[PDB]
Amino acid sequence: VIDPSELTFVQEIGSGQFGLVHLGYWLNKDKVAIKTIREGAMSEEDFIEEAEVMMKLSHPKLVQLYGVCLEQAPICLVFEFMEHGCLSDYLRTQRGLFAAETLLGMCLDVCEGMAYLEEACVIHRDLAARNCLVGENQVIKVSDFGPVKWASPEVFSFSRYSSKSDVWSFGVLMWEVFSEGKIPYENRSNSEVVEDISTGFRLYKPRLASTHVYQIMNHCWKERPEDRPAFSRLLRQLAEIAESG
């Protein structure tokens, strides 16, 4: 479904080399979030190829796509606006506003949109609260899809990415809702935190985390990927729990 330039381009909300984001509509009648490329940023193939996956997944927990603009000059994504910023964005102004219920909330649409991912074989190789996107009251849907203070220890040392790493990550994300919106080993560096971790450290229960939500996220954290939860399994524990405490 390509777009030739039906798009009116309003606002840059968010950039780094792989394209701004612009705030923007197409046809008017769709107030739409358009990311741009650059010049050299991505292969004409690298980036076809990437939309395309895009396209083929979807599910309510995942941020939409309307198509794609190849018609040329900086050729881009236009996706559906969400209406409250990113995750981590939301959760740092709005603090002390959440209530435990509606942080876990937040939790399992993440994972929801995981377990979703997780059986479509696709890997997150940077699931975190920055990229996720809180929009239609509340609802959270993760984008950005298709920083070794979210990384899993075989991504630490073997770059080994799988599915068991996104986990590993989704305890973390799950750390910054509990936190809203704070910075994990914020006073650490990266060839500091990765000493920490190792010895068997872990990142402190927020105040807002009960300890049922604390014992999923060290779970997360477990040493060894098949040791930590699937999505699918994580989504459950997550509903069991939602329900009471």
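Positions refer to the first chain, counted from 1. So that the term is clear: the rigid core is the largest set of C-alpha atoms that superpose within 1.5 Å between two forms. What changes on going to the form deposited in another entry:
- In the core-superposed comparison between these two forms, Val10 has its Cα shifted by at least 2 Å.
- Core-aligned CA deviation for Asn28 between these two forms: 2 Å or greater.
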Second form
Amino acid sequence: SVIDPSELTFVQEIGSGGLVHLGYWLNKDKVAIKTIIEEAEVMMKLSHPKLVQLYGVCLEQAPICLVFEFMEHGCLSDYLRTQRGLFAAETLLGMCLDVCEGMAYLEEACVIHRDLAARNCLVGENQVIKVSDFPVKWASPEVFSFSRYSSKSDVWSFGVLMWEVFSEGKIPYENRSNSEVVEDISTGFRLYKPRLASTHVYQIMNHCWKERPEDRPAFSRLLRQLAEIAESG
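Let me have the form deposited in another entry next, following on from the form deposited in one PDB entry.
We keep it simple here and write out only the one chain, dropping partners and molecules.
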């Protein structure tokens, strides 16, 4: 990236030797603008390298809009379908590990995602995966039966996300109606093991898919568990 000199303002000399200067930079930076005061300011304090940053809110004129971070390669769902077969098992695990880092920060700050999926996960420079936007195929039994949301209901969605990643962007419960999904999941049916997913990785998905929400592990526990798989093989 080349920067035009006129965009920069030099204010003070900070460190001598080249010469380091405190300066200001006015630039037209690429952003993602979501179109429609208090709930918008609590989202701004939430900063993490694995979460899509909210830069600000435009309120002076209608429609009001939120200014988010721009991710160079768009949503993960399409990214996996487009570049199918090009990914290694480690790269796919590393994608789940990036999402888990962000979700561990969100659960620590007591924030429920309510729609965690590959479509809401974005790919940036050097294949960084970040979580954004904070569907019975991603919904846990307590969400489609009692509408009870928690970090444990997000853990079920993370299990479906992991599956989506290892199946390389495949649609979960394909050629199955919403009602058919609900009855089968409740019976004990789960998404099959994707070829690229290890036997142990599939067990973690099934741990995320435990009918009892408290039986499911936390994102803090999933982060340790997944990183351990990345170190061993």
